[PDB]
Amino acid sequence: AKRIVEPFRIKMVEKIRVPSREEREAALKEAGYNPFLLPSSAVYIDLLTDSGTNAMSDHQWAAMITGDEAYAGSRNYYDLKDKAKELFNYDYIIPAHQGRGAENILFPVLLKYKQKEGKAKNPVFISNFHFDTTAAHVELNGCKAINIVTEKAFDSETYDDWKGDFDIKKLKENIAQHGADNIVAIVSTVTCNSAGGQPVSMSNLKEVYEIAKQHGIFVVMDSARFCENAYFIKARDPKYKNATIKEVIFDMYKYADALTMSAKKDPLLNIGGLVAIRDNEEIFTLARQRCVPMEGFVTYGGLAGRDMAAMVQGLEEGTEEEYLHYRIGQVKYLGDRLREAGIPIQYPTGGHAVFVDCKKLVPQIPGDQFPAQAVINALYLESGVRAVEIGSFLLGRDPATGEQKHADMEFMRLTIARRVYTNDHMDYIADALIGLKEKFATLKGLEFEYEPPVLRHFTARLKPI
């Protein structure tokens, strides 16, 4: 396992504490054995997500201080528009308060646009893998969300360079089965979050786009982690070996017609989103009409002018290679410490998180007793570290039978915020999990106390068996 040194130094700290074992026990109980309900004051290292918890630089804070709060025509709106043109070569932007706000603005518009023509009678969206909010917006607008990530993604321990790739065969099959008239859009998720933050190669992006253009399908690049994706392209694709990260990004965006982006990820913010449209003025116009009632006036889109200013600077900092090398090498370091100790993970590690296969750690716990959640709860009780479940607890029940939907993998996600934790915090997390090796055998499994009909993952209360 190799530690990579920060290409920055610390300028401001925030105190963190390890609550006592007694305090953690009381807190977990109070939270109904569901870490999502814990107050942040009961957490030492928080690995719930890499969304909006990042540390900004002094230049981002400085940009906030001088941000223009004007209701219309903020200076920072124009700077953001120029930044999006510089990075992606896209001519239109609509700021949004966060990624799911950008989805909310654009997706209904793309459906309406396909329907206007008389098409989209049985509308679907196709993606390598739809993130949870993205799929939620697809479904709320009456469409079907289809995921066709390569099957190499489901082979956890086997190394592959590009586990976020679309399965091209399945794409062609879906187009023939549903008809191009029913495909509202293809959503290319970079990096492919739900497959473990695995990169999509340039040639796969290009082939997907070429096919889409042969059938007139609109392509949207879900870009929360577009920089981590570009780093991996540069690291693993010989063709981009000597290219700068911005060159890679520039080529990637040749293969989409628009982007939706959570700026809470790669652009190193605490809040913020964006819609950028390459050149379709009609889509831009319609998306602006929806922006007004849902997010805000079109030159701020539900953000303070200081957050647009921070976004402009964060977009530049998120592309820097020295930073990306360190950031992703840190996630790899954590992954390697775990792997070297016999803990099974998705390998290789993606850009922002390490996924631990809990099935192999607790064979005695059946899917429906949430084995990944039992590991997470033990980790919490043992170290004050908060991780999140990507398994059968999250998957939920089959609506037709009302039975626990079958979960192929029982993952614990160790999600890492950008520029917040050092490699010694990474060692603390790895030692806590390795240390549970002889406790895994005795873990019991959990039951429901209160099971909500929807979004159970977030508020269900549980109890050990």
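Positions refer to the first chain, counted from 1. Residues that one form lacks are left out of the comparison. Each form is matched to the other, and the largest set of C-alpha atoms that superpose within 1.5 Å is called the rigid core. First, how it differs from the form deposited in another entry.
- No residue of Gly142, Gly73, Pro366, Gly342 other than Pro366 has its CA displaced by 2 Å or more between these two forms when the core is superposed.
- With the core superposed, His406 shows a C-alpha displacement of at least 2 Å between these two forms.
- In a rigid-core overlay of the protein, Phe393 has its C-alpha displaced by at least 2 Å between these two forms.
- If you fit the rigid core between these two forms, you'll see the Cα of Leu455 move by 2 angstroms or more.
- Once both forms are overlaid on their core, the residue ranges between these two forms with Cα shifts reaching 2 Å in three or more consecutive positions are 359-371, 391-410, 439-456, 458-465.
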The other form holds:
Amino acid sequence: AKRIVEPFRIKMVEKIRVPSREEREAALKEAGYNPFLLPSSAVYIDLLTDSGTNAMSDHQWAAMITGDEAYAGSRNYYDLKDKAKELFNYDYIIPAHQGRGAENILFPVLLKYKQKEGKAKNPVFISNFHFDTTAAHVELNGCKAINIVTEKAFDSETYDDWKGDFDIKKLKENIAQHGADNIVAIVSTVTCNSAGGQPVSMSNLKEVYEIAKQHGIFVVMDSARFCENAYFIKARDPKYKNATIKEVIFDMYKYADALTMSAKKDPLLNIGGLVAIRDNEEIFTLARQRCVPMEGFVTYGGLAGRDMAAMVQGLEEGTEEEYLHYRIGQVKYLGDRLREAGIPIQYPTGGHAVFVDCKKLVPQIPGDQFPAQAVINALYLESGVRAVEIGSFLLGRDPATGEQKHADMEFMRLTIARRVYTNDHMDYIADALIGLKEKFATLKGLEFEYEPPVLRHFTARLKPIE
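Go ahead and give the structure of the form deposited in another entry, now that the form deposited in one PDB entry is out.
No partner chains or extra molecules come along with it, only the chain itself.
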């Protein structure tokens, strides 16, 4: 395990505390054995998500203070429009309040646009893997969310460079089974969050786009963690060895027609989303007509002017190679510390988190009882670190059958906010989990006490299968 020094120094700090063990037990019972329902005051190191918890730079804060809060035609909107043209070479932008707001702008528009001429009677979205919020909007509009990640992602301990790649074989098969007229869009997720933050190769993005161009299929790039994806392409593809991160980003988006990005990830923000469209003005026009009643006027889209300002700066900082090397190198440090101690993880580590394979860790719990959730609750009661589940819990139920969706991966996600915690914080996390090697065989799963029909894991209250 190698530590990479921060390419920055601390300018402002925020106090954290370790709750007593009795506090954590009472807090978990009141939270229905769901860490999502814990208050932040009962959490020490918060690994629930890397979304909106990032630490901003002084230039980001300075940009916020001078932000133009005008309702129509904010100066920061035009700075954002020129920034997207610089990075992605896309000509149209629509700001959104965060990622699921961006999808709520674009996805229904893409469905109605595909439904012209009376086609797409059984519409489907195809992705390497739809994340929970992305798949929810696909199904909330009456479509099927098809995930076709490469099989090499399911072998957790075997190394591969591109565990987030599309399964090109499955892609052509789904196109032949449903027909191009029923395929609303192909959603390229970079990095593939459900597969473990694993990257997608350039040649995979190119081949997927060329196949979609053959059938006249619209391609959207789910761009929450595109900078971390670009870093891996520079690191693992010999073709981009002497290329800048921006040069890699510029080539990635030659293989998409639009993007839906959650600026709360790689752009190093606490709030914010973005829709950008390459050249289809009709799709841009329809998406604007939906942005107004749902998010807000088309030049702020549910964001304060200061947040568009912070986004303009954060989009530049998120692509800085020295930062990406430390950020991804820190996650690699936490994974290597666990891997060297015998904890099975998704190898190699992704861009934003370490994914502990809880299939091998707690095999006595079936997947339908959420074994990864039992490990998370044990980690919290042991250390006050709060993690999140990426397995059968998050996958939810199939909207057609109403039963458990087939989960190939049962993961505990140790999500790392950007520029927030040090490698000494990582050692605390690793040493707390390593200290539970003799208690893994004792854990038992959870059963539902209150289950929401859509995105159940966020607010569900669980009961320990005691």
